[PDB]
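Enquirer: All chains, please: the whole structure from these sequences, using the hints.
Each chain, written out:
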Amino acid sequence: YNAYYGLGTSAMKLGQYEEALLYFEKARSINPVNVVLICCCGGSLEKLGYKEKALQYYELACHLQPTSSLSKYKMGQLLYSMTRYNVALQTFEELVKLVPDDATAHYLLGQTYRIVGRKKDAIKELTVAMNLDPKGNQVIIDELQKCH
Amino acid sequence: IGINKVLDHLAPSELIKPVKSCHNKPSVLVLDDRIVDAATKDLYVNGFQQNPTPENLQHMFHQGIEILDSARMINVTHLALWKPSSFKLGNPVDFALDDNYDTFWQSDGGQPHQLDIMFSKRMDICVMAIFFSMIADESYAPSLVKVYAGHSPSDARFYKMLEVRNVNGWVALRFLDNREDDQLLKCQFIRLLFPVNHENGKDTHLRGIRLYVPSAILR
Amino acid sequence: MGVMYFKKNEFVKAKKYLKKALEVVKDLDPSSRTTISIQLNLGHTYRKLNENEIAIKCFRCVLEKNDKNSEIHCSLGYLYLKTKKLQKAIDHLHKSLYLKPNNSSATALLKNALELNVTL
Amino acid sequence: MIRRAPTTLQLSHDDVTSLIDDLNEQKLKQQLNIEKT
Amino acid sequence: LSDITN
Numbered sequence: 001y002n003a004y005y006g007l008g009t010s011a012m013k014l015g016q017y018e019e020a021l022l023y024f025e026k027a028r029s030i031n032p033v034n035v036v037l038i039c040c041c042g043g044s045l046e047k048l049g050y051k052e053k054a055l056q057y058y059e060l061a062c063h064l065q066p067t068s069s070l071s072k073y074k075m076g077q078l079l080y081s082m083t084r085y086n087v088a089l090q091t092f093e094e095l096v097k098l099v100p101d102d103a104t105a106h107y108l109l110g111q112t113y114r115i116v117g118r119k120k121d122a123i124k125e126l127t128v129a130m131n132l133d134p135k136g137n138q139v140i141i142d143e144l145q146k147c148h
Numbered sequence: 001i002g003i004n005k006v007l008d009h010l011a012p013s014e015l016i017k018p019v020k021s022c023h024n025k026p027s028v029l030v031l032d033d034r035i036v037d038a039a040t041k042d043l044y045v046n047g048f049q050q051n052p053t054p055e056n057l058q059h060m061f062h063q064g065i066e067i068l069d070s071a072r073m074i075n076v077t078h079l080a081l082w083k084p085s086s087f088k089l090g091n092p093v094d095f096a097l098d099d100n101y102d103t104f105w106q107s108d109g110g111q112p113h114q115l116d117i118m119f120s121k122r123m124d125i126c127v128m129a130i131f132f133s134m135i136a137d138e139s140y141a142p143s144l145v146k147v148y149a150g151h152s153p154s155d156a157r158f159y160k161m162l163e164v165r166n167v168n169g170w171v172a173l174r175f176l177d178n179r180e181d182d183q184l185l186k187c188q189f190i191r192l193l194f195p196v197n198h199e200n201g202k203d204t205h206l207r208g209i210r211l212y213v214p215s216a217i218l219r
Numbered sequence: 001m002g003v004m005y006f007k008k009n010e011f012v013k014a015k016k017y018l019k020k021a022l023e024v025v026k027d028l029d030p031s032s033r034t035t036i037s038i039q040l041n042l043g044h045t046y047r048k049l050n051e052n053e054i055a056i057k058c059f060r061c062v063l064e065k066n067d068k069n070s071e072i073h074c075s076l077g078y079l080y081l082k083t084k085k086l087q088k089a090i091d092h093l094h095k096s097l098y099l100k101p102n103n104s105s106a107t108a109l110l111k112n113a114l115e116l117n118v119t120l
Numbered sequence: 001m002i003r004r005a006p007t008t009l010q011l012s013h014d015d016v017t018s019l020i021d022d023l024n025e026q027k028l029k030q031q032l033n034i035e036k037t
Numbered sequence: 001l002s003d004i005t006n
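Protein chains in written order, with our numbering: chain B, 1 to 148; chain S, 1 to 219; chain W, 1 to 120; chain P, 1 to 37; chain G, 1 to 6.
Hint data in this document are derived by calculation from the structure and do not stem from the laboratory. A portion of the hints provided could be inaccurate.
The list that follows gives simulated cross-link-like pairs (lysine-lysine, BS3-like), each with its CA atoms no further than 25 Å apart [claimed, not checked]:
{"id": "1", "chain 1": "P", "residue 1": "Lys27", "chain 2": "B", "residue 2": "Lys53"}
{"id": "2", "chain 1": "P", "residue 1": "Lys27", "chain 2": "W", "residue 2": "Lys82"}
{"id": "3", "chain 1": "B", "residue 1": "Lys47", "chain 2": "W", "residue 2": "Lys111"}
{"id": "4", "chain 1": "W", "residue 1": "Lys111", "chain 2": "B", "residue 2": "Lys13"}
{"id": "5", "chain 1": "W", "residue 1": "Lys84", "chain 2": "P", "residue 2": "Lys27"}
{"id": "6", "chain 1": "W", "residue 1": "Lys111", "chain 2": "P", "residue 2": "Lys29"}
{"id": "7", "chain 1": "P", "residue 1": "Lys36", "chain 2": "B", "residue 2": "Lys53"}
{"id": "8", "chain 1": "W", "residue 1": "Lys65", "chain 2": "W", "residue 2": "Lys85"}
{"id": "9", "chain 1": "P", "residue 1": "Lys29", "chain 2": "B", "residue 2": "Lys26"}
{"id": "10", "chain 1": "W", "residue 1": "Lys111", "chain 2": "B", "residue 2": "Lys53"}
{"id": "11", "chain 1": "B", "residue 1": "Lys26", "chain 2": "W", "residue 2": "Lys100"}
{"id": "12", "chain 1": "P", "residue 1": "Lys27", "chain 2": "B", "residue 2": "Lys26"}
{"id": "13", "chain 1": "W", "residue 1": "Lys95", "chain 2": "B", "residue 2": "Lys26"}
{"id": "14", "chain 1": "S", "residue 1": "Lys121", "chain 2": "B", "residue 2": "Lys13"}
{"id": "15", "chain 1": "W", "residue 1": "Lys88", "chain 2": "P", "residue 2": "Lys27"}
{"id": "16", "chain 1": "P", "residue 1": "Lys27", "chain 2": "W", "residue 2": "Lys85"}
{"id": "17", "chain 1": "P", "residue 1": "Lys29", "chain 2": "W", "residue 2": "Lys85"}
{"id": "18", "chain 1": "P", "residue 1": "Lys27", "chain 2": "W", "residue 2": "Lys111"}
{"id": "19", "chain 1": "W", "residue 1": "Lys57", "chain 2": "W", "residue 2": "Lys88"}
{"id": "20", "chain 1": "S", "residue 1": "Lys186", "chain 2": "S", "residue 2": "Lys146"}
{"id": "21", "chain 1": "W", "residue 1": "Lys48", "chain 2": "P", "residue 2": "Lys27"}
{"id": "22", "chain 1": "B", "residue 1": "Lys26", "chain 2": "W", "residue 2": "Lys84"}
{"id": "23", "chain 1": "W", "residue 1": "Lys82", "chain 2": "B", "residue 2": "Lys26"}
Expert: Here's what the structure looks like:
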């Protein structure tokens, strides 16, 4: 299955999304129990445009592995794309509970809180993101400025 | 009417030609490393400085390579065909492109030595890197260099002049005269000439040469 | 004679002449690049005769007697994709790619086999 | 004498192309039938 | 040193 996964990735980087999905489905068929492969297939499917099927594969992955940071990250990204911030909020709170030391999680949590509207939550999370990491602070500065 | 307007757009004449008062002389680039300037610092990387010992030259040779490769850039020196004017059966152009100061390439033949750089696909060169060693190779030092440009051996045309006085380091030449909008050169055919060396030399070495162009998982 | 009757688009007599050739050489000398040609030609006639099981068994025999043969593996993949044995088909195609990476029809055959397998 | 190596039949490109086209229309046959059904 | 001038 590793080399089918590699063929799928090689097709994906060249833009042939349907071919990448074709490789990735076989890669699943070999090893049904997986998480990263499921996520890659859901990404290819949403690249094609099948958002509902990507969601179904994603929830299958999360049911199979309840503790999977990347899977939940992809759930949150897709829900943000789909304007489902109501449950995206719980996805991000669970994710930041999983990873407390990652500044990227704090950035997304604060951005979602600002989008939904909690000013205090947004400013607190963005200040925490500032404190943790100054490398990506340029975006964090703008995120504070727009919230303020 | 669409046909008529596009034809004017492809070939503007009255709008383009301002006065047609070109000076037609070849522009000459100054390479001296005793004067400090912002423009010279852009083209001269190693920095302005007795003659350093060869090991110091080797040390600065590596630091120049590292600095040039430090920036976001893509090297395609090995993505092209090379054909010098003549060999000497001791060192082909491989040791010139080996990124090693100790080894080098030498031609042997007619005085106007030619170095051909043919490309397979349309590559957009932005920075051309060349290394000189005036104190290390004073006998075979390149004194005057003329760089051409073109899409084929047929349509080779003059691009720039380069006069050598004292340059013991890497030389960077980004191209801006040809296209101000792109700040890069677009050609498939590049050739170099070395019509005469220092102190009336005969042959010429080439220590280094490089070409620069711009652009969760299971193992 | 079997080869020429095959080339003349008259398969039935080519088949019987190749069967006679095989039965004459069946008892003696399985090796020595003669039975290989006999079996390969007979399997080609059968695959052009639209009967596939006997062609498959003959091709398997010649594969056993000689493994390094890209064309044999492409023919095996052709026969297996004609039937619904997709796993054997794809295995023989990837092997054929292994013996010869730059095969023209093999790439399209692999693509077709994989899309059919995914849709199955 | 020296025996001449017997000629070997070759799997042409044309027939395999014909078969892959036939297979393509074969799978295209029931895809509309599935939608019909 | 070679490179003898005329």
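Enquirer: Go through the numbered hints given earlier and state which of them the structure violates, listing their numbers in rising order.
Expert: Those not satisfied: there are none.
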